[PDB]
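Asks: Work out the full structure: start from the sequences and follow the hints.
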Amino acid sequence: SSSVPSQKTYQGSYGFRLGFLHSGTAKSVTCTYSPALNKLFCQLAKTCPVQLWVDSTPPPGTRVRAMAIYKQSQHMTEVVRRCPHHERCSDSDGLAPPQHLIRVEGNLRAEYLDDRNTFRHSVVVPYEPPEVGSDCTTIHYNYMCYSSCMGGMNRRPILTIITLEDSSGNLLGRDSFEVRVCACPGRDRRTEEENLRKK
Amino acid sequence: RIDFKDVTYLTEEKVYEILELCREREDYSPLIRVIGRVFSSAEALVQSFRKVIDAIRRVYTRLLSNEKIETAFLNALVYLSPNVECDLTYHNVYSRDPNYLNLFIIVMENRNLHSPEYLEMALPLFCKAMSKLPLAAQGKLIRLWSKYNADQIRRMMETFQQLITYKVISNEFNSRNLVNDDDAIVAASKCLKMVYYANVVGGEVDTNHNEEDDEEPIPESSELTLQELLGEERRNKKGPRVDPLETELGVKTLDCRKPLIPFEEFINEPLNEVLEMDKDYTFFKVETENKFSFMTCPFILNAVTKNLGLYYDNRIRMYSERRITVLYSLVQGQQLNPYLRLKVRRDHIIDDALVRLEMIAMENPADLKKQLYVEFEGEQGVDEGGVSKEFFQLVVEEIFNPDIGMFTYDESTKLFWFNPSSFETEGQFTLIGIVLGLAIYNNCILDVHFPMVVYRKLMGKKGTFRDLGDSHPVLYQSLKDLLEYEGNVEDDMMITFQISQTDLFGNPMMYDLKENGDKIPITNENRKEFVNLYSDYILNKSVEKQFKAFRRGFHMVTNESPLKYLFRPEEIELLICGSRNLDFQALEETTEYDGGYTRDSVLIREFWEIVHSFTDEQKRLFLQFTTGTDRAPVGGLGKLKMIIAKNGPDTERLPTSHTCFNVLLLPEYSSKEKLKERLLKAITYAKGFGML
Amino acid sequence: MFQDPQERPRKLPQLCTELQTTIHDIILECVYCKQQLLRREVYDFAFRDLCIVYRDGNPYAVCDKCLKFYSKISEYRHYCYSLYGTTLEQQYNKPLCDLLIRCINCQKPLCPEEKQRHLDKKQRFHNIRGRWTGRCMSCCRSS
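Protein chains in written order, with the entry's author numbering: chain B, 94 to 292; chain A, 119 to 170, 236 to 875; chain C, 1 to 143.
None of these hints come from the bench; they were simulated from the model.
It is possible that some hints are incorrect.
Okay, derived cross-link-like pairs now, BS3-like style, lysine-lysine, Cα gap no bigger than 30 Å in a straight line [to be verified]:
1. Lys-94/C with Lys-132/B
2. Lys-711/A with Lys-640/A
3. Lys-802/A with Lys-94/C
Counterexamples of contact, computed for chain A against chain C with all Cβ distances above 10 Å [to be verified]:
4. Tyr-146
5. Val-170
6. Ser-314
7. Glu-470
8. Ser-476
9. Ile-507
10. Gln-515
11. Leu-598
12. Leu-662
13. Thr-706
14. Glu-789
15. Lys-802
16. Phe-805
Output of the computed footprint for chain B on chain C, the stretches with three or more beta carbons under 8 Å from beta carbons of chain B [what the hints assert, rightly or not]:
17. 38-47
18. 90-104
19. 109-115
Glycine included, C-beta positions come from ideal geometry on N, C-alpha and C.
Replies: So this is what it looks like as C-alpha cells:
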C-alpha cells in the first residue's frame with residue numbers, strides 16, 4: 094500500500110536546513126515566512142526567494158527523493174495529480190511533464206522520477222550546498238497548481254518529506270517541511286496566525 | 119630620419135639593434151624617445167620582454248652606460264604609476280590574464296632607483312600604486328621573492344625600510360595626524376609586509392610541529408551556546424582573527440623556526456617610537472577599513488607599544504564588565520566585587536588562594552583578568568601595589584622554594600622549570616597561571632626564570648631544536664653530532680632505542696617509546712624519523728597534565744584578548760621577566776627625582792658616578808638588591824618611573840629604601856669613600872638579609 | 001527525555017505534533033527561569049525562532065522575560081566589523097540578506113519595522129561581529 098513515514102525530526106550531526114526571512118505582513122510583501130506557525134504564503138509564479146546558506150560543504154552529487162504526502166488520512170494513499178486546467182494549458186517550459194507540480198527554478202539538478210513503488214512519481218530534490226555558507230537558507234520553490242478543478246484535486250495540503258538515498262542504509266533529511274499552492278498564494282499572515290492560534 | 123614607431127614592444131635583440139644604431143649615429147635622442155614611449159603606458163610593458236628569462240637578468244647591466252637615461256626614467260616612473268592605479272583599482276587584469284606580472288617586475292629589478300632623489304615622488308607613487316593589487320596577485324608575486332637568495336631580498340627590505348625612515352623623519356606625526364592617515368607610509372608598510380612574508384617563507388617554517396589542543400570539556404559559559412539556541416549552528420567563533428594572506432599561503436607568524444634574517448631587523452624604530460596605540464586599538468578592533476591598523480603587522484612594533492595595546496584591551500574589558508554589572512545589579516540585584524580582593528592569611532596564602540580564586544573563576548573566568556586589591560589580615564590601608572608586589576614575590580619565591588617540589592632549578596642556564604614527573608594536585612598549577620596573568624596585567628615585574636619554551640607552548644606551540652637548546656643543549660649537540668654520523672651506530676655503541684627519563688627520585692625508570700624499545704637496534708638507513716620522534720617526545724608529552732593545568736589557568740585568565748599573535752613566543756617574556764639588555768644611559772635620560780633636591784645637584788652627580796664605577800654585573804646586582812629584580816622593567820631602564828627621595832641628613836643611622844614603591848631613598852653623604860664602602864657592603868649582602 | 005543527538009527537535013510548534021497535541025496541549029519546563037511554560041511565552045518563542053537543544057539529556061524550552069538576560073551581556077563586550085559597506089560582502093562568498101541576521105537585541109531574525117528605526121538615531125550602533133541587530137516592539141520604551 095501507500096504507507097507513509099512518520100512525521101519526526103531527523104536533522105543529523107551536521108546541520109543543513111532551511112532559514113527563513115521575515116519582512117512584514119503587508120499585502121504586497123510575500124517574500125516572507127510565518128515566524129510562529131511555520132507557513133509559506135509566497136505568490137504563485139513569482140520570484141520570492143530569501144537568501145541561502147549551508148554549514149561548510151556537504152558533499153553533493155546524489156539526488157534525494159521527496160514525495161508530497163498529504164496530512165489527513167482519508168486520502169493518505171492518494172496519488173498527487175497536476176491540475177487538469179494547468180495540465181491541458183501550455184504554460185510549462187516543455188520539459189516539465191503534465192503530471193508533476195514541480196517547477197525547479199531555485200535550482201537546476203532535480204528531475205522527475207517515475208517511481209512505481211507505490212504508483213507515485215516521486216521527484217527528487219536538489220541536495221546541494223546553497224551558496225556555501227551565509228545566512229537563512231531558502232531554496233526558491235514556487236508551484237503553479239490550482240486544486241479546485243472538480244477532479245482529483247480535493248483541495249488539501251501536501252508535505253514534501255525528504256527521503257535520502259545514498260551508499261549508507263540510513264534515510265536522512267527529516268525536517269519541518271512545508272509546501273502549499275492552493276487558497277491564497279501570498280498576501281499577509283497575521284490573520285491566519287490569529288485564526289489558527291485559537292485552535 | 120626614422121621615428122622607430124614600427125616597433126612598440128622591447129626585446130633583447132630589438133633593443134640591442136636600437137642601441138647599435140644609436141651608437142653608429144652617435145645620437146641618444148631616438149633611444150630617449152623610444153624609452154619614453156615604452157614607459158608611457160602599461161600595455162607596452164605588458165607585451166615587453168615576452169619570451170618565445237635571462238633578458239631581465241642581463242639587459243639591465245648595459246642600460247647604465249650613460250647618464251641621460253636616468254632623467255627619463257624618473258619622469259617615466261612618475262607618470263606611469265597612476266595609469267597602473269587606474270588599471271588596478273577596477274580592471275581585474277589578473278583575472279582576465281595571468282600574463283600581467285611583468286610591469287612591476289621590470290620597474291623593480293633595477294637596483295639603482297634607491298638614490299634619494301627618486302624617493303620623493305618616484306618610488307612613493309609606485310608604492311601608492313602597489314597598495315592596491317588583486318589579493319591573489321600579491322601572493323603570486325610573494326612566491327618568487329620567497330624562492331630567491333637572501334642577500335637581494337634583504338637589500339630590498341632595507342631600501343623599503345629606509346624609504347619609511349626618510350618619510351617618518353620628514354613627515355610629522357601627532358594626535359591630529361596619526362602614522363596611518365598618510366597613504367604613502369601605509370602603502371610602504373604593506374609592501375614591507377609582503378617582503379616580511381617572503382622572508383618568513385624563506386625560513387624553515389613548520390606546521391606539523393604544532394601540538395594539538397587537547398582541551399578537556401572546559402566549563403562553558405551558557406552565552407556561547409545560547410547562540411546555538413538562537414538558531415545558528417556550532418559557530419566558527421568570531422574570536423581569534425587571522426591575516427588573509429596567512430590563509431592564502433597557509434603560513435602563520437608562529438610557524439617560523441629559523442629565519443634567513445633576524446625578525447628584529449624589520450622593526451622600524453623611527454616609526455615605532457612615534458606610534459600611538461591607545462586609539463590604534465580602537466581603529467583595530469572595531470575594524471574601520473579606511474585606515475590601517477599597524478597591529479595587523481605584528482613585526483613593526485616592539486615590546487612597549489604592544490604591551491600598551493594589551494593593557495588597553497584589559498582596560499576596555501574592565502570598562503565593559505563594569506558597564507554590564509551596573510545594570511546586572513540594577514535589575515537582577517546580585518552583588519559582585521569588581522576588585523579581585525584575594526584576602527589571605529600570612530602563612531596559608533597558597534591554600535587560601537586555591538579556595539578563593541578558583542571559586543571566583545569558575546563562576547566567571549573573566550574575574551581572573553581583573554585588577555586585584557590585596558588586603559591581608561593585621562594591616563590595613565590603600566594598596567597601591569606594594570602589598571600586591573610583596574604578595575607576588577613571596578608567592579613566587581615560596582614556589583621557587585623547594586618546599587613544594589613542583590618548581591625545579593638548573594645551574595647550567597639559571598632557569599626555573601616544572602617538575603618533570605611529579606604527582607601534584609591540579610590546583611597547585613593554577614595560582615602560578617593566575618598570578619602570571621595578573622603580572623602580565625598588573626604591569627608588575629614577576630621575578631622568574633621561565634625559558635622560551637614556557638612562553639612558546641603557552642602560545643600554542645610545541646618546542647623545537649632551538650627551544651630544546653635552552654635548558655640542556657648538550658643533548659642537542661650530541662644528537663647533532665650523530666646527525667652527520669655516517670658510521671654504524673649498532674656496531675659502535677649498540678645503544679637501545681630508549682635512553683633515559685628523569686623522575687623525582689632519580690631512578691632510571693623503564694620507559695620504552697614503542698614495544699620492545701630495548702630489543703630494536705638502531706638503524707642508520709634513516710635518521711629523520713629519529714629526529715622527528717625525539718623532537719616530539721623529549722620536547723613534549725611529559726608534562727601534559729601538570730602543564731595542562733597551568734596552561735588552562737593562564738588561558739582562563741586570558742582567553743578573550745588580542746594576545747595570541749601580537750606577541751610572539753620571544754616577546755611576552757619581556758612583559759614579566761624583564762628586559763635582557765641593561766643600558767645605563769636609558770636610566771640616566773629617564774630619571775624622576777623627588778625629595779626637594781634639584782636635578783643639577785653635585786651630590787646626585789657623584790652618586791650617579793659611584794654607580795658608573797660599577798660594571799655590568801655589579802650594576803645588575805645593585806638593581807636586584809634595590810628594586811628586588813635582577814632585570815630592568817618592561818621597556819628597560821628607559822621606560823619606568825623610578826623615584827629618588829630623601830631619607831634624612833648625612834648620618835649612618837638606617838639607610839633603607841621603600842621597596843614597596845621602589846623608591847631609592849639613598850641618604851645624602853658628603854665623603855665618597857664612605858659611600859663606596861657602604862655600597863660595596865650592600866652589594867655583598869643583598870638578599871641574605873631576608874628583607875626582600 | 002530526548003537524548004538522540006541526530007534527531008534533535010528544533011521548533012516548539014514543530015514539536016507540538018508528535019507530543020500528541022494539536023496546538024494547545026504542550027506542557028514543558030524552562031531552564032534559565034525554572035518555570036512551567038506560558039501561552040504568551042510560547043507565542044514569543046515562536047516569535048523569535050529559537051532552536052531547542054537538550055540540557056543534560058532533557059530538552060527544555062526558553063521563556064520570554066529572560067530575553068534581555070543572557071543576551072545583554074554580549075552586546076558591549078566583543079566587537080568586530082561595524083560598517084554597511086563591503087565589510088561583510090567579500091570575506092564570504094554570499095554577502096548577506098537584505099537586512100536579516102541572527103539578532104541579539106530584537107532577537108528575532110528580522111523585525112518588519114526595524115530597517116530604519118536604528119538609522120533614525122545614529123547613536124553607537126551595536127553592529128556586533130557584523131550582525132545588524134534591531135529593536136522589537138516588546139522592548140520599545142522603558143518598561
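Asks: So, against the hints stated earlier in the document, which numbers end up violated here?
Replies: Violated hints: 3, 7, 9, 10; rest satisfied.
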